[PDB]
Every structure is written in structure tokens, then in C-alpha cells.
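*Asks:* This is what each chain is made of:
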Amino acid sequence: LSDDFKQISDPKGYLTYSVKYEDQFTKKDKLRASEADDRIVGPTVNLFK
Amino acid sequence: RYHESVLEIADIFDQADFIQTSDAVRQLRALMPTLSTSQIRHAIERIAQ
Amino acid sequence: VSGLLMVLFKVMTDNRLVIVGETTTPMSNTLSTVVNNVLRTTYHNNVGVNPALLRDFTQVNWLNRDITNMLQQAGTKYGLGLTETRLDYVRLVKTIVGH
Amino acid sequence: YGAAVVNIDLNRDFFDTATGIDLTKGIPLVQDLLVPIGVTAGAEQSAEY
Amino acid sequence: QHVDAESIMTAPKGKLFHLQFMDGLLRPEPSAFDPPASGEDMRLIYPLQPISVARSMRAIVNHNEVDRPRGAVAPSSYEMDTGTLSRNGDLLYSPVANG
Amino acid sequence: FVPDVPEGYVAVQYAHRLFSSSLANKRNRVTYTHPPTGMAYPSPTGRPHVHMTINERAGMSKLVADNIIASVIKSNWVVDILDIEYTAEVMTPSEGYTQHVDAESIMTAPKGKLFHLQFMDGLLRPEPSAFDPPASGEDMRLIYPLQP
Amino acid sequence: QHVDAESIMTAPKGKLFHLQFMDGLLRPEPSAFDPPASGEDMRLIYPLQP
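Chains as they are written, first to last, in the deposited numbering: chain A, 150 to 198; chain B, 940 to 988; chain C, 248 to 346; chain D, 199 to 247; chain E, 1186 to 1284; chain F, 1088 to 1235; chain G, 1186 to 1235.
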């Protein structure tokens, strides 16, 4: 009847983190942690270089 | 002050016609990495296979 | 201002029903325990950024020391993935999962 | 006369790969039994054992 | 950029110019020996109210001398408090010793 | 055979809190602080008889950790990595070794991977000759098994 | 250079090798923030007289 709701898998928020790197350090080496945890920690760390 | 022990059930019941197996299992399940229901469906599905 | 209501009118008709997407389940004995106390069974195979998922896991010593500490508070306690499930009676399968 | 270390293996003769348990290393080491659903094993994992 | 004061001073009462401050904290301390240079560099327009509100984490680097680099934020115990989910559906911060 | 630890050595539970990164004689030596009595010791060589215990091992930077391993060498620091789960071999001297674990890997291996190591049989080695050209520099060994 | 000790140790009693010290005093103090490096650099031969 009232089709009001659209299915989605990974939802985004109306807010997020925006960092600005002082490209002086950082290395760009995209830090390599474990594999299992690369995925859990995964992005947060990549973002917070 | 603990001596956390297994107390193999049989050393409690006198009518050992129900009691079975042993403390040997806690030893083993202690190792299994706690699984989820979805996880077991898999362990079983692949054993049966 | 026109952009503010707009962002707002957007929130107004922004109706979506999430439906648990591709979610893995780390093998447990393969995650530093700092991560584990933090984890909870499955967890969306698409986690986003979040200062906490980086305690005892980032060079920067200060910040790390405080975060590792910040979590020590009686209040705040981070979490992640499948936190609570209710599952239909009648046909005993699992309905809505609180992630 | 001159054998150095002698070990009591588990013997593949009976636990042949026909059941998985691919011995070789002293560890039995099954295989894709209880994996981490949603990813891809993890070459030479610990729980394989 | 460089909002030229010509205009910051006299432009329509509307116009929304995007001036832009610098964030010197990760600035390099000139080599202890090298000879000086000679123009002081200044700025002739300062925001009249506390800016940077979105700045919730500042200076993610670790000074070598003094644990906490000169004034650095470090995320508040909220940007990671993930409380529960009220029965009514209003996600509410982890308790506080039985509150 | 697990080399026991001498009298001097102190018990230090490893953690991220210790190894800061400070400046000393130009350069940013990765000083280790030694809990008992705050005394940052930049250069690996000369730390102070610490028995390092690792439980974590999942948050090391490919260098703080190496430095610690580095300090193992010159300082006889004894670091016990309590979380590894490998499988031994004890394989006879006549064909000694092959799969070469290098110190960098012991340290950064994922928590899962259960790597094969292989200790020496040693006992069945025949006495060296009475005219064998003397050997000058000693053999160094690092990995030990913490349990029998 | 790098007088290899092989020889500084065992070379004719004459040979006049030209070893060479560094004069660190005008050395640059590593940027107060940048992350550390990890090999201490040393020297295994010191002149015995001023």
C-alpha cells in the first residue's frame, strides 16, 4: 500500500569526520596493521594518520 | 583464594547411568573460539560434508 | 539559510529502512583483546571512522593515553556490531537485530 | 642404530586426508571447518588446529 | 585567498566572503642556526567570535618534550559513548553509576 | 631448553605507555622509560636489565618493537612474547633449519597465523676434530620456547 | 672512507691509513615533531690522543 521506506545496507549519517593532514609528516605509507584488525580498526586509523 | 576446578560431575551422583563423557570436554571447549549460531551452522554443515 | 531548511527538508523525507548488509564475523582469537572487549559477535563489514577504534593502536602517545583512559570512565563504554536480537515467536527465526 | 628423536605422531595412515585432518606438522590441522563467515580463511590459521 | 580589505571593508551588505585563518601548530621550528629573514607577516582581520567549532580533535602528532603538544584537543567521551537503545527507540548514553 | 633469567632483570609488563619518542643529541631516539624509576634511555645500548613481557603485540609500530628487539640484542633484555602459538619441530642436526623466521616477522605476525618454527636436535652432533681450524666468532641464537 | 677494522686491526706495521672523524656541531636538530628513525650509528675506533 504505502510504499514509504527504501531499503539500504550501509547507511550514511548527516555528519562525518573531515581531517586535514599536515603533509610534512604522515608518510602516506597508509599504515598496515594486522589483517583481521586491519578491518576492524581499518579506516579510523587510515583516516587519523 | 581459588583452585577453580572441574569436579567431574560423576563425583557427585551415585547412579552413574546418566553421567557420561568427562572433564576432558571442558578442556576442549575451553579452546574452541566462542562461536555464533551462524558460525555453528557452518561448522556442522562442513563436517557433515 | 535556504540551504539549512534544505538540508532539513531533506531530513524530513529521508526515510530508509536499514537491512543488515554484508557483515563478517572476526574469528575471535585473532583480534587484540583491546578490540574484543569492544567487539560483539558479527559487525558490519563496512565500519566507519571513530576515535576509539584506535586505542592502544595508534602512535600518538598522548591522546592515546587519554582515550585508553577516557574509556576507563564508569560511564562511557564503546561497542560495535550485533548488540541485541529479538526474534519472532511462531516461526522462531530472527527478526530485527540491533546493530 | 643412529635414529635421533623419535616421535609418536598421529599417523596419516589412519587419519588420511580423506577426512581432512591433513597432518604432516605435529598438529592435526583440519581446514575450512570453523571459519570466520564473511571473509576468507586466513592462510595457515591457528583455529585450523 | 586574501580577502583584500578594499572590500572586506565595502562590499554589499550581503556578500558572504570566505576568509581563511592558518592553523600554525604543526609549523616547523627554523633551524637553530640559519640566519634570520626580515618581514614580520601579519594579519589585519581577526574573527570576532570563537571559530573552529567543528574542530573536535586537534594536532595528531606527538611532540618530543612535554607529553601533550601545546594545546591539542583529543575527542570527547561522547564521540564514542555508544550507549544503549531505549525501549522507545531513543538511543541514550551509557548510564552513570545507576543514574 | 628455555634460558632462565638471571638475578638482576626486572619484570616489566609491556605496554604502549613506556616507549615515548623523545629528542636526545639531535635525532629522535625512541626512549624507553623504565617504570620502577623514570629514566628515559634513548639509545638501545645501555638500558637497564629489563625483562620485557609482551601480551599485546598487536599495536607495535614496525619500529618501536624492532628497537625493543634491537635492545634485546645489546642489552640482554629478555622479551617474552606470550601471545604467539607456533608449532615446533625439533629436527635433527644433519639437515638443520630452512623455514627462516626473521625477527621482524615474529613481531608483526597476525594473531592467527600459527607459524612453524624448528628447534635443533643438537645431541647427535659428533665431536669436532682435534685439528679443526678454531672458530673465531660465536653463534647467536634468539628464539626460545617458553614451555617444554 | 670507513677504515674497515679488518685491516685497521691487521695491516703492515707501516701503512699510514687516513681514518676520518665527523665534526658534528653544525648538525641539524631533527624537526620537533617528525617520527623517529631506528639504528643508532656508532664508531668503533677513537683517536687515542687529542
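Keep in mind that the hints are not guaranteed to be accurate.
Below 25 Å or equal to it, Euclidean Cα-Cα: the simulated PhoX-like pairs (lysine-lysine) are [said to hold, decoys possible]: (1) F/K1149 - A/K177; (2) A/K155 - C/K257; (3) A/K176 - F/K1113; (4) F/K1161 - F/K1200; (5) A/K169 - A/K179; (6) F/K1149 - A/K179; (7) C/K341 - A/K155; (8) D/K223 - F/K1200; (9) F/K1161 - A/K198; (10) A/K198 - A/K161; (11) F/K1161 - F/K1149; (12) F/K1200 - A/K179; (13) A/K198 - A/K179; (14) A/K176 - F/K1149; (15) C/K324 - A/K161; (16) A/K161 - C/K257.
Partial list, derived from the structure: chain E residues whose beta carbon lies under 8 Å from chain G [what the hints assert, rightly or not]: (17) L1211; (18) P1213; (19) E1214; (20) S1216; (21) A1217; (22) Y1231; (23) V1246; (24) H1248; (25) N1249.
Keep in mind the hints are simulated off the structure, nothing from the lab.
Ideal Cβ placement from N, Cα and C applies to all residues, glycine included.
*Asks:* Was the hint right that E/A1217 lines chain G, CB cutoff 8 Å?
*Replies:* 5 Å, holds
*Asks:* Checking one constraint from the list: CA of D/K223 to CA of F/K1200, max 25 Å. Satisfied?
*Replies:* 14 Å, holds
*Asks:* Is it true that the CA of A/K155 sits at most 25 Å from the CA of C/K257?
*Replies:* This hinted pair holds, its Cα atoms lying about 14 Å apart.
*Asks:* Does the alpha-carbon distance linking F/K1149 and A/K179 stay inside the 25 Å limit?
*Replies:* 13 Å, holds
*Asks:* Would you check the hint for F/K1149 and A/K177, treating anything up to 25 Å between C-alpha atoms as holding?
*Replies:* 15 Å, holds
*Asks:* Do the numbers back the hint for E/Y1231, that is, is its least Cβ distance to chain G under 8 Å?
*Replies:* E/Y1231 check fails; min Cβ-Cβ to chain G is 26 Å, beyond 8 Å.
*Asks:* Verify the proposed pairing of F/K1161 with F/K1149, using a straight-line Cα cut of 25 Å.
*Replies:* 19 Å, holds
*Asks:* Are the Cα atoms of A/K176 and F/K1149 separated by 25 Å or less?
*Replies:* 14 Å, holds
*Asks:* Are the Cα atoms of F/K1161 and A/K198 separated by 25 Å or less?
*Replies:* This hinted pair is violated, its Cα atoms lying about 32 Å apart.
*Asks:* Quick one, are A/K169 and A/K179 close enough, alpha carbons at most 25 Å?
*Replies:* 15 Å, holds
*Asks:* Taking 8 Å as the limit, does the beta-carbon of E/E1214 come near enough to a beta-carbon in chain G?
*Replies:* 5 Å, holds
*Asks:* Given the hinted pair F/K1200 and A/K179, is their Cα-Cα distance within 25 Å?
*Replies:* Measuring from Cα to Cα gives roughly 23 Å; hence the hint holds.
The structure is inconsistent with the numbered hints 4, 9 and 22, although it conforms to all the rest.
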